[PDB]
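In case you want the letters, here they are:
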Amino acid sequence: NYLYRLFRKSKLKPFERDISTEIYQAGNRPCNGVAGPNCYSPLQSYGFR
Amino acid sequence: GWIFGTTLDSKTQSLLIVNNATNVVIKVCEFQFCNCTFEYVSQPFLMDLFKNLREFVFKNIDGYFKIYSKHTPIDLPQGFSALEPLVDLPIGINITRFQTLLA
Ligand SMILES: *[C@@H]1O[C@H](CO)[C@@H](O)[C@H](O)[C@H]1NC(C)=O
Ligand SMILES: *[C@@H]1O[C@H](CO)[C@@H](O)[C@H](O)[C@H]1NC(C)=O
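Which chain is which? The protein sequence lines are W and S, in order. Quick note on UniProt numbering: the first sequence kicks off at 450 and runs consecutively. Residues 103 to 136, 165 to 179, 186 to 210, 215 to 243 in UniProt numbering are what the second sequence lists, from first letter to last.
In short, the hints are calculated from the structure, not lab data. Keep in mind that a hint or two might mislead.
Claimed, not checked - Below, in silico cross-link-like pairs of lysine-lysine (DSSO-like), each with a Cα-Cα straight-line distance of 30 Å or less:
1) S:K187 to S:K202
2) S:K129 to W:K460
3) W:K458 to S:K202
4) S:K206 to S:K129
5) W:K460 to S:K202
6) S:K202 to W:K462
7) S:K129 to S:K202
8) S:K195 to W:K460
9) S:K206 to S:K187
10) S:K195 to W:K462
11) S:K129 to W:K462
12) S:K129 to S:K195
13) S:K195 to S:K206
14) S:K195 to W:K458
15) W:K458 to S:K129
Sequences and hints are given; from them, build the entire structure.
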């Protein structure tokens with residue numbers, strides 16, 4: 450139930466929050482909502498045991 | 103009013119001053135122009179009556201969104221005048237675009 454963000458276009462500002470989960474574009478090819486080889490979900494779940 | 107924010111996909115909602123008697127409610131939630167019910171009720175900012189110049193030189197410092205307000209009675217005329225601080229709001233968002241609200 451806990452998530453964290455990995456990839457962003459820029460850095461953060463102090464005391465700010467990010468809610469939008471858009472597919473990250475790691476290359477020249479646009480994603481357009483498709484998680485391809487160069488496109489990944491920015492939120493990864495905490496695997497806690 | 104003022105409709106501050108970046109793009110139209112996340113947050114992007116701001117001030118709602120109406121000048122009747124109340125309802126200057128500042129809202130930072132999801133809304134689509136053309165999941166949150168935030169509010170901030172206070173007094174109207176724009177109180178004045186020989187034209188008047190209401191000047192706002194508001195800023196934000198890492199989310200600390202503050203407004204300096206002054207109404208000065210008189215192209216922009218010369219001479220010097222002060223502007224006084226009003227409030228401090230932790231809006232906590234990143235803003236890159238603006239547009240006025242007219243009605
Ligand atoms: C704020 O948003 C703009 C456009 O949405 C972006 O370019 C910028 O990197 C963001 N962050 C800042 C100014 O810290
Ligand atoms: C509110 O936003 C969250 C994003 O984490 C989403 O999961 C949820 O479905 C949204 N709720 C409504 C009512 O839109």
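*Numbers of unmet hints, in rising order*: none
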